[PDB]
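Chain residues, written in single-letter form:
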Amino acid sequence: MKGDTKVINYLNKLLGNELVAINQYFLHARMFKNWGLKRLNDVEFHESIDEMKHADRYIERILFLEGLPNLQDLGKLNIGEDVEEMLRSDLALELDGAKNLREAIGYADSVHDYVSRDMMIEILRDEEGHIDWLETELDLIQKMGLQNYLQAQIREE
Amino acid sequence: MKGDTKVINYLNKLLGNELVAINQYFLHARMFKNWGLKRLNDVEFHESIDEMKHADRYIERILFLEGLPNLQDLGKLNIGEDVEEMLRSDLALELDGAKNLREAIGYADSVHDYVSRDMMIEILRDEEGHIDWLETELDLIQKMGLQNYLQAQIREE
Amino acid sequence: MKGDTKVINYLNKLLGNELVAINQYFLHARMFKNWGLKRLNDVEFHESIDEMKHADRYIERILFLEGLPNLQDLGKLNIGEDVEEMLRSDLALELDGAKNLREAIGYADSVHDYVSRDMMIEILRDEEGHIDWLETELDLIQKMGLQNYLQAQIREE
Amino acid sequence: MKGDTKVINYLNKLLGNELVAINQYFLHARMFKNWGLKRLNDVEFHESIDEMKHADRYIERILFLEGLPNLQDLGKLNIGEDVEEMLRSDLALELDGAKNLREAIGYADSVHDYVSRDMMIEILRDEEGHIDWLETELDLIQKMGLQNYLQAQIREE
Amino acid sequence: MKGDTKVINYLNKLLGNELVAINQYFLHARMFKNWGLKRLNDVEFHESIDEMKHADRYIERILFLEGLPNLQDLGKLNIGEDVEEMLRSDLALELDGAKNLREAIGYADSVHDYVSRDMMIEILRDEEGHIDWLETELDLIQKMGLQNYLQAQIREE
Amino acid sequence: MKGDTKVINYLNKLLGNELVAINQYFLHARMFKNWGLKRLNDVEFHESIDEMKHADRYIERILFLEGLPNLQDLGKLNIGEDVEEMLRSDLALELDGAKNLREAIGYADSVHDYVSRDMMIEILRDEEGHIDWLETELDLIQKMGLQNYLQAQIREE
Amino acid sequence: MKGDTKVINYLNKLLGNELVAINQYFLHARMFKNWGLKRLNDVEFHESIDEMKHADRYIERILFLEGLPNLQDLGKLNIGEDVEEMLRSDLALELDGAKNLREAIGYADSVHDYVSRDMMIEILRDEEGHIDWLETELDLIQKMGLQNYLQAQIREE
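Residue numbers (the authors' numbering), protein chains in the order written: chain E, 1 to 157; chain L, 1 to 157; chain L', 1 to 157; chain C, 1 to 157; chain D, 1 to 157; chain F, 1 to 157; chain J, 1 to 157. A prime marks a further copy of an entry chain.
Source of the hints: derived by calculation from the structure; they are not laboratory data.
Backbone N, C-alpha and C fix where the C-beta goes; we use that ideal spot for every residue, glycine too.
One or more of the hints may lead you astray.
[What the hints assert, rightly or not] Quick list of simulated restraints, FRET-style, between CB atoms:
(1) 38/D / 49/C: 19 to 25 angstroms
(2) 126/D / 60/F: 41 to 47 angstroms
(3) 85/L / 88/J: 43 to 49 angstroms
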C-alpha cells in the first residue's frame, strides 16, 4: 500500500537510530560482561534486543508502505570507556532518538498515517522506559559511589 | 447502633491521621521507586496499604456507630527530599498518631465502648510496629552509612 | 527526564481529580456496605481502586518528568445521603474529570508529549466506562423503581 | 448440481428474511446491553447468531444448487424504542418468516427437492423456538409488570 | 453520554462500510468453499468475522454516545466471479474504507472525542492488515500463475 | 589476556563480515515475509540470528584478548530485488566470508592462538551449512522452475 | 597403541602442571572457606575439580599411548597470604600452563597426534576460562576496593 514519501523517510531515519542503538547497547553489554558486571550485561543485552524489535517494526512498516529500508548507512557510535561514560552515551542516544520520534509522530498525523503514528508512539513509550532506567542508574552511581555501585552489579538480578 | 459522640470524634481524628499517612507513605514509596530503591518502595507501599486498611476500619466503625466519616479534611503532609528526612517524617507522623490513639483508647474505656477500644489497640500495635521499623532503618543509616544503606535497597527483599 | 511544565501542571490537576474520586467512591462503597447493598459496595470499591491505579500512574509520570506530585490539596467531596444522589455525585465528578482530561490530552499533543497523551487517553477510556456504568444504573433506578433497584443490590454479583 | 429455479428464488427470499433478523436482533441486543439488561442482551445476541447460522445454510445451499445468493437487498427493519416494542417487532418478523418458510417447504416437496425441504424444516423448528421465547417474555411483562420484568434482566442467566 | 453529532454521523458511515464488508467477505468465503478452495474460505471467513467485531464496536459506541445505529442502509456489494476479481473487489472496498477512517479520525481529534479516535485507529490498523494480505495474495497469483495459486488453496493452513 | 594484534585484526574483519550478513539476511527475510514467502522468511531470519551469534562470539573473544571490537564500520550490502538475486547475493557474501575465515584460521594457528582458531572453525562449519542451503535452494529453482519454486515457499515448513 | 615418545613427555609435563594447580586451588579454596569467603571457596574448589578432570584425561591418554604417568614429581606451589596474592599466584600458574599447552599442541599437530591435540585444545579452552575469571576478579578488587570485594564473597553465588 503506497505510503507517504516523507513518512517513509522518517521511518528510515528512525530505523537508522535503532541500528546505532542495537550495536552500541550490545557492545556495552559485552564490555560489562567482560568486566564481571553481570547485572549490567543482562539489562543492556535486553535493551539491545528491544531495539532489534523496534528495527523490525520499522523494516516491516517501510516494506508495507512500498519503501526501501536502509540498513546500509550506520550513524556514529559513541562507546565510552567506563561504566558512567557508557551509560551516559546510551542516555544521550536515547534522548536524540526521542527528539526524532516526536518530529515523526507529529508529521505522520499531519498526513493521516495514523497507523505509523500509533507504532511510533508505542516505540517512544519503550524508549522513555530506557531513559528512565539509564537516568536512575546514573543517579545511583552518584548516590552510593562508584565502588558500591560496581559491587551491586556483579550478581544477576 | 448509636455510639458515643466523643468516641466518634476521636475516630474521625484518627481517620484523619490515617488519611495523611496513606498519602505520605504512597508518595514516599513512589519517590523511592523513581530513585531505584526497590526495597524501600516495597516496604513503604505496604505501609501505605496498612494505613488504608486502618482507615477502612475507622470508616466502617464510624458508620456502624451512626457518625459521618470525614474524608474531606486532609492534614499537613511533610514529604521531604532525601531518604533520611522522608523516614524521619514518617516516624514523626507515627509518633503523633500514637499519642492520639492513646488518648482515644483511654476515653473509649471511660464510656464503655470496649469494641472501639479493642479495634484501636490492634491499630496501635500495628503503628508501634511501623515505629520500630522506622527507628531501626534510621539507626541503620547511621551505623552503616547512607551509601551502604542505599546500596542495600536496590534489590527487592 | 525533564518534561513540559504545563503538562506536569495538567497531570497534577488530573491527579487532584483522582484523589477526590478515590475518597468519594470509597466512602460511598462503605455506606452502601453499611446499608447491606453488597453489589454497590463491590462495584464502588472497585471504582475507588481503579482511581487509585490512575493516581499511581499520574504520580509515577510526574516523578519521571521531574515534577512534584501534589497529594496535599484535596478538592470538594460531594457525599450525599441517598443512593441516587450518591451515584449522581459520582457521575458529576466523572464528567468534570473527563472535561479536564480532554483539555490535557489536546495540550500534550501540542507540545509533543505523546507518551503522557497515550496514558491520559487510556485513563479517559476508563473514565468513560465509569460514566457508562453510572448513567445506566441511574436509568435503571428510574425504570424499575428504587425499591426493586435496592432489592437487586443486596446479593453480590 | 443445478437446482430448481423457483426453489432457489425461495431460498433467496428466506435468506433475505434472515439478513433482516440478524441486524434487528443484533441491534436489539446491544440496545439491551446499553440499558444494562444483560439477560436480554445475551438471549438476543444468541438469536442473532442463530439467524447468522441459518443465513450460512441458505448461502451454501444456493451455491450448491448453482444459484446466486443475494446479500444486497435488505428488507425493512423495525427497531422500536422500548423493550415491549422491540420484542413485539422481533415476534412479528419471526411470524412473517415462518409464513414464508411454510410456503417454501411445501413447494420444495412438490418439485422433489427433499434436501432443501429437510434443511428448511430444521430452520422452521428453530424459528418456532424463537417465537415461543418471545411470546413467553411478552406475557411475563404483562403478568409481573414492567418494573419487575426489567429487574429480572439485569443479571446474566 | 451525549456525543458530537458529526462524530456519530461518521461512526454510522463507517458502520455502513463494515456492513457491506461483512456480507461481501462472507459470500466470497462461501464461494471459495463451494469451489474447494479451503484456505481462502478460511481467511475470508475470518475477515468477515473481523468486520463483524468492528461493526459491534461502532454500534456500541454510537449507543453510548446516544445516537441511533443505522443497520438499514446497505451500500453496494461488488461480488465478482473469479478469484482475482473477488480479491480485487475486497481490496478496493478496504481502501475506500480506509479513506473514510482517516477522515473520521482527524475529525474526532478536532472535537476531542479521543476515545472514539482511539477505537478507530485500532480498526484502521486491522484494515491495513487486511489490505496487506489482499495485496500479497494478488501479487502471488501474478508471480506463480493462477493454476499454481489455486493448487495452493485446496488445503487448510 | 593480551592477544596477538594481527589475530585481533582478523577477528574484527570477520566481525565486520558478520555485521553485513546480519543486516542483509534480516532485510531479505522481511522482504520474503512481505511477499508472503513464509518459508524463506523463516529460514533467512534463522540465518540472521546465526550470524548474530557469530558476531557475539567475535565480540566476546576480542574483548577477552583486550582488543576493541569495531561495530562502526559497515561493509557493502547487496540487497537485490527478486528471490534469486537475493539468494545469490547471500551466497556470494558467505563465500567471501569463508575465504576470510580460512586465512584467519591459518594465521591463528601460526601464532598458537588455538582457542580463537577453534572458535573460527566452528563458525566456518556453520557458514558452510548456510552455503549448502543457499546452493540447494538456487538449484531447486533451476530444477522445478521459478513459479513452482515460489509456490513452495508460501507455507511454513 | 604405541604413542609418540615426545607427545607422552609433553602430556606428563602438562599433567605435572595440573597436579600443582589441583593442590594450590584446593588449599586456596579452604583458606577462603576458613576466612568465611564462601563464594571464593566455591569457585576455587570447582577450579580444583576442573584441574582434577584435566589430570584424569592426561593420565588416561598417557596410559592409552603406553607411557607411564608421573604423579611423583610435584612442582613448586606458591600459596600466598592474602586474597590478591592468592589469585595472582593462580593466574601466574595458569599463564605458565597455557604456555606449555601451546607448545604441546603445536608439536602434537606436527607429528600427527591429532587426538591428543584435540584433547589439549579443549583443556586450553578451559584454562583460558580460568584466566578470564582470575583477571576479572583481580580487576574487581581494584575497582570496588578490597573491603567491598571481601563483603561480596561472604554469601554463596
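Beta-carbon spacing of residue 85/L to residue 88/J - inside the hinted bounds 43 to 49 angstroms or not: Given range 43 to 49 angstroms: holds, Cβ gap about 45 angstroms.
Holds or violated: the 41 to 47 angstroms window for the beta-carbon distance between residue 126/D and residue 60/F? Holds: the Cβ-Cβ distance is about 43 angstroms, inside 41 to 47 angstroms.
Taking the CB of residue 38/D and the CB of residue 49/C, does the distance hold inside 19 to 25 angstroms? 23 angstroms, holds
In terms of the numbered hints stated before, the structure departs from none.
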